[PDB]
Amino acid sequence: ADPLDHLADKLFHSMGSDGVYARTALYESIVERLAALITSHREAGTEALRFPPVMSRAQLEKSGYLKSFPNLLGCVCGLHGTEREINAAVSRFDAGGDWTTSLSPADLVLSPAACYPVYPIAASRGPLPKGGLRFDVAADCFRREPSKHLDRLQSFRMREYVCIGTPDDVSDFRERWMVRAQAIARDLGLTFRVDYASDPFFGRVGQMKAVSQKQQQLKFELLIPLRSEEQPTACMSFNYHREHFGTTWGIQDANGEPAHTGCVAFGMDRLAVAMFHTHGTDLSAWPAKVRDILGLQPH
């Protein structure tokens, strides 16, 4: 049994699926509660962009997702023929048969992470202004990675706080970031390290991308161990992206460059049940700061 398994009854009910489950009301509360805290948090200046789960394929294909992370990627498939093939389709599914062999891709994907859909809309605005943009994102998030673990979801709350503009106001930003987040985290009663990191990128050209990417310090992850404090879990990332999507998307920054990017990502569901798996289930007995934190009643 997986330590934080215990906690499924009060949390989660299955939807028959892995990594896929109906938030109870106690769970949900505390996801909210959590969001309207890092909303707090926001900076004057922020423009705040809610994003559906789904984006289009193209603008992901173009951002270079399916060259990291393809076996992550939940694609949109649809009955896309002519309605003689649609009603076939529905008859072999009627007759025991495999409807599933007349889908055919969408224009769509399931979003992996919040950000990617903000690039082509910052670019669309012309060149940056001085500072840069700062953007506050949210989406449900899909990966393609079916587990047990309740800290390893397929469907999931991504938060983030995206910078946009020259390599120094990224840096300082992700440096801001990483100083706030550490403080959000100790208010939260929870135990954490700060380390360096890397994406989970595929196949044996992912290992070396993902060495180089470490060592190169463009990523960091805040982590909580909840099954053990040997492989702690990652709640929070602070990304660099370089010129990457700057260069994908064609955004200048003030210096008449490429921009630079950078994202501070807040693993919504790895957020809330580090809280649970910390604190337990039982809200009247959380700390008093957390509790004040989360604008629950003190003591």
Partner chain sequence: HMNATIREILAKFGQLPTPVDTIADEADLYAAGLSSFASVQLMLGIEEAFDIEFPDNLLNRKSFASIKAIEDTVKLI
Contents of the next structure:
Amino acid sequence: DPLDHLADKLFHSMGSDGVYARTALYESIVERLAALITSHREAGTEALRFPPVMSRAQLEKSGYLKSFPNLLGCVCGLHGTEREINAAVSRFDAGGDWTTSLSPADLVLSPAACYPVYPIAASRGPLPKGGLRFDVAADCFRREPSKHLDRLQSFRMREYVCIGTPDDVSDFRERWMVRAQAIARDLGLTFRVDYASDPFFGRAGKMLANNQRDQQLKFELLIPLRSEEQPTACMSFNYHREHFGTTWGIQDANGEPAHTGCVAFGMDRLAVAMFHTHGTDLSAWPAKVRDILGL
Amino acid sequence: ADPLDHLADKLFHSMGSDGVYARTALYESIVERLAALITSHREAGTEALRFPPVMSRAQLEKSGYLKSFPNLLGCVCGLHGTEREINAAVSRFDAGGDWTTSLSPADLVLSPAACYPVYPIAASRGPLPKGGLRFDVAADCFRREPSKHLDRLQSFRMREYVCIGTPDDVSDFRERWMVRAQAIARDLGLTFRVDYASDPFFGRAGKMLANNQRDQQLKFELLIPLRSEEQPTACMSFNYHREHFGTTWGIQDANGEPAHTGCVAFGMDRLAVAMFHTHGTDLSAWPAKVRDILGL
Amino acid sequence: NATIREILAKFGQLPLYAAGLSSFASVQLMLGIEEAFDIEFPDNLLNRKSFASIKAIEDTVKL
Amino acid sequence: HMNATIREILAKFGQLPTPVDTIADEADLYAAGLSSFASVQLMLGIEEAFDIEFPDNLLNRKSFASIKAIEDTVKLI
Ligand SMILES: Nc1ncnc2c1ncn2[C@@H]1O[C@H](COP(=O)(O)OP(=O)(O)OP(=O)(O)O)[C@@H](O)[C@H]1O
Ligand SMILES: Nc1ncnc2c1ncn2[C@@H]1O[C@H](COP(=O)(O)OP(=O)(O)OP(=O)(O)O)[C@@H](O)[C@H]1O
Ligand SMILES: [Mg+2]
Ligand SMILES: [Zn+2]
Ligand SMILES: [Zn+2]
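Please show me the structure of the same protein in the form solved in complex with its partner chain, now that we have looked at it in the form solved without its partner chain.
Full complex below, order starting with the chain above.
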């Protein structure tokens, strides 16, 4: 893996594949990329920042278990009484397994940044004409251990979300497909865009992925990191049609179930792509890129 | 009524769970300025690391967290079975049952405090140099403590400076930070007192640990009246661990003795709430000196 | 057709795309054709078009 | 006898380097081996081998500094 040699300057092991401590060098570029993305935020956008956990009930309601049950991280804890908890602990001291006393909380680790925004939008009543636009971010989690630097279990996501009529969303989508590519170009990155599909689970997941790709509901900006034949999706646009509008009872200004769409930036993938492309010595980065990033 | 409750309108949106909130732009802008202020006070020769919201469960077990706060720990679990098993769990959910009976533990927990992952990392470099090592660490932390009070969250940001070295390195470090942190609190126009305290150790065993900790003055807190002046909130802590983590991780100081460690911890969410409680939710009305201190 | 007039009623959740046959409904409809009959679709004929109408579903079965 | 029981527990939950046989009644336990987490198991061990429960007033380093202090504390309870 071509990326491996980047580890020494970017990451420290934390004893778990896909979970790394970030060096100051690495974080300085993550921060500049986030500032660049912010500088392209469109008018009328409301910014929200989500913690790394969210309501299990909200995620169940969003349909996540129908699509990616195998990817979800659930928060569990020792919920019993003092003796119950001490019993679990004692088993650990004894050389047994305390984890058998774990029971689920009402929380999961957020699998994507946008999920909490839909009930928040719904709570405000009908959408105004033109719809609503959100800027959301979260530390996300997906249970997919890997040693590859572009495949993490815990990673930062940044998203612009549009909630409105089908025309609102398609206008938003056309705009962000253009802007996402202009950003990658300004960063000096090599990419192509392709229609793609989410990693749906199961046999129904094969139909869902086929459907999604055939309908062109998901575009990805792909950057060669490991190789040119297996590039890495570093940005995406998802058109959800009326799926979340229906789920959450969001009505557009015409009284119809709202459509939603989002452009997603994988902050850790973009940072890794920058270092892979430009190296770990910032003073040598191309002058135009340094200027774009305010270096 | 909690004096803080009315802050929620401007700072937070509900996420359907006590102690877990979406953060507004106003709130985040202040968390960011506080973080930059803390960074500006960083000592020379301090290594900055940023940790994700999860860490190795094995490392946390080794750190002794189970013996001390087993009730606060959030573990990561997932559906690890076959496709048929996972599909059945989802089908039980559709039929009014509980899908979570198919969950099993992963090798990860949610990080309960920012400093834990730093000790193995320091340990991996061999013996400490003279003067020891200093780290600047941060993470989103989790503690299973549901509450409706805005100063008691389940998911919250912690920033810490950590010292690993001889007992003298560490005790001077903590003294330097105790003074520096109070000076910062005063610059921020905050009302506080500093007192000895103890971690919320669990059970009968814990009452003894808490007693000893308070008695040996291993932990100071800077306390700010938020809900009341009688039960003020700990917004910074100043912790001395003796050789507990140095022993656990086999860290050796420059004299070949098990290293001591300590840390100064800033509760970024508590500090932010404190600022808004103290000066209000209109930043233009904040005192000029405070605005200047924060670069507003 | 007699076997399909019960499958669409059980998993279709209609009030076929002009009706209330949604995506996640249609996949529970796909699975219901693998249950009432003894075959699993190929990834090729596994799609939106293969489940457009009632007469569309039937033809795919023979093939 | 209480002295001997207490001594046995100190081997049961002590993690001391030099055997309880080589430790005086008045000798300071932390001063030669008794750790924090150990002294807590010991306090639990004292509560196991007898059937008692210390007040929080005596739930501290002092009560477990020496075998004599332990014996005295248990008696005073
Ligand atoms: N494992 C990961 N590590 C780092 N960033 C990720 C990871 N998975 C997703 N992201 C980033 O966040 C976004 C998530 O959207 P999405 O659900 O489309 O994932 P994905 O890109 O389909 O998946 P995969 O590449 O894992 O098969 C992507 O644009 C990507 O940049
Ligand atoms: N539940 C919480 N919500 C928000 N911030 C917290 C919470 N717990 C701790 N913090 C903050 O982070 C720091 C954590 O260090 P520490 O482990 O010393 O916790 P603590 O001081 O035991 O707390 P407490 O009695 O308030 O639960 C605290 O100083 C505080 O500012
Ligand atoms: Mg993608
Ligand atoms: Zn999204
Ligand atoms: Zn700490």
